[PDB]
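*Asks:* Given next are the chains, with one letter for each unit.
2 protein chains.
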Amino acid sequence: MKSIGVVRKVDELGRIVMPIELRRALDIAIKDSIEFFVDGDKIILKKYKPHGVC
Amino acid sequence: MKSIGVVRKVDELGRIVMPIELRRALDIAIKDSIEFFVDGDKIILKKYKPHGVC
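Note that the protein sequences, when read in sequence, are chains A and B. Just so you know, the authors' numbering puts 41 at position 41 of the first sequence, and the rest follows in order with no gaps. Just so you know, the authors' numbering puts 28 at position 28 of the second sequence, and the rest follows in order with no gaps.
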């Protein structure tokens with residue numbers, strides 16, 4: 001149970017379902033843009049347009 | 001371009017495709033487990049089995 005407290009089980013390829021919370025928190029509509037970071041044993045997500053920088 | 005430097009376009013619901021990098025990073029096999037955190041304008045991912053705690 002994290003901030004969103006939601007867990008997903010991978011499709012197969014690694015495709016999962018990010019929640020409305022993510023869309024709300026960020027700026028997601030239907031196709032948007034999410035770019036990820038990986039920190040050791042952690043993953044990070046951002047909307048591409050905002051931030052701009054890595 | 002983040003650590004992975006890959007960006008995804010949402011399916012419609014918010015479903016996107018997390019990469020093999022994430023599977024390698026954590027412990028993803030086919031269904032595995034990914035639980036996310038949201039920090040202001042950021043998202044965080046973990047495999048549920050490891051960590052245990054939030």
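Check before you lean on any hint, since a few could be wrong.
Copies of the same chain look alike in the list, so a pair counts if it fits in one copy or across any two.
What the hints assert, rightly or not - Keeping only pairs whose Cα atoms sit at most 25 Å apart, straight-line, the calculated SDA-like set for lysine to any residue is:
(1) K47 to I20
(2) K9 to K49
(3) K49 to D32
(4) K9 to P50
(5) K9 to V53
(6) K9 to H51
(7) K2 to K47
(8) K31 to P50
(9) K9 to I30
(10) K49 to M1
(11) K9 to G52
(12) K2 to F37
(13) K49 to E12
(14) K47 to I4
These aren't lab readings, by the way, just hints derived from the structure by calculation.
*Asks:* Indicate which option fits the pair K9, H51 if close means a Cα-Cα distance not exceeding 25 Å: within, between, both or neither.
*Replies:* Result: close only across copies, 17 Å inter versus 29 Å intra.
*Asks:* Regarding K2 and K47, is the shortest C-alpha distance of 25 Å or less found within a copy, between copies, in both, or in neither?
*Replies:* both (20 Å within a copy, 11 Å between copies)
*Asks:* Since the copies are identical, ignore which copy is meant and state whether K47 and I4 lie within 25 Å (CA to CA) inside a copy, between copies, both or neither.
*Replies:* both (17 Å within a copy, 14 Å between copies)
*Asks:* My question is about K49 and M1: at a cut-off of 25 Å on alpha-carbon distance, are they close within one copy, between copies, both, or neither?
*Replies:* Between. Shortest inter-copy distance 12 Å satisfies the 25 Å Cα cut-off; intra-copy 28 Å does not.
*Asks:* When no copy is named, should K47 and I20 be tagged within, between, both, or neither for a Cα gap of at most 25 Å?
*Replies:* both (13 Å within a copy, 20 Å between copies)
*Asks:* With identical chains, the pair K49 and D32 could be close in the same copy or across copies; at 25 Å between alpha carbons, which is it: within, between, both, or neither?
*Replies:* This pair counts as within: shortest intra-copy Cα distance 8 Å, inter-copy 30 Å.
*Asks:* Are the CA atoms of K2 and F37 at most 25 Å apart within a copy, between copies, both, or neither?
*Replies:* both (18 Å within a copy, 5 Å between copies)
*Asks:* When Cα atoms must be at most 25 Å apart, do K9 and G52 count as within-copy, between-copy, both, or neither?
*Replies:* between (30 Å within a copy, 16 Å between copies)
*Asks:* Between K9 and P50, at a C-alpha cutoff of 25 Å, which is it: within one copy, between copies, both, or neither?
*Replies:* between (28 Å within a copy, 14 Å between copies)
*Asks:* Within, between, both or neither: how does the pair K31, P50 come out at a Cα-Cα threshold of 25 Å?
*Replies:* Only inside one copy: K31 and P50 sit 15 Å apart there, 31 Å across copies, limit 25 Å.
*Asks:* My question is about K9 and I30: at a cut-off of 25 Å on alpha-carbon distance, are they close within one copy, between copies, both, or neither?
*Replies:* The answer is both: 21 Å in one copy and 8 Å across copies each meet 25 Å.
*Asks:* Using 25 Å as the alpha carbon limit, work out where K9 and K49 are close: within a copy, between copies, both or neither.
*Replies:* For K9 and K49, only the inter-copy Cα distance (12 Å) is at most 25 Å; the intra-copy one is 27 Å.
In this structure, none of the earlier numbered hints is contradicted; all agree with it.
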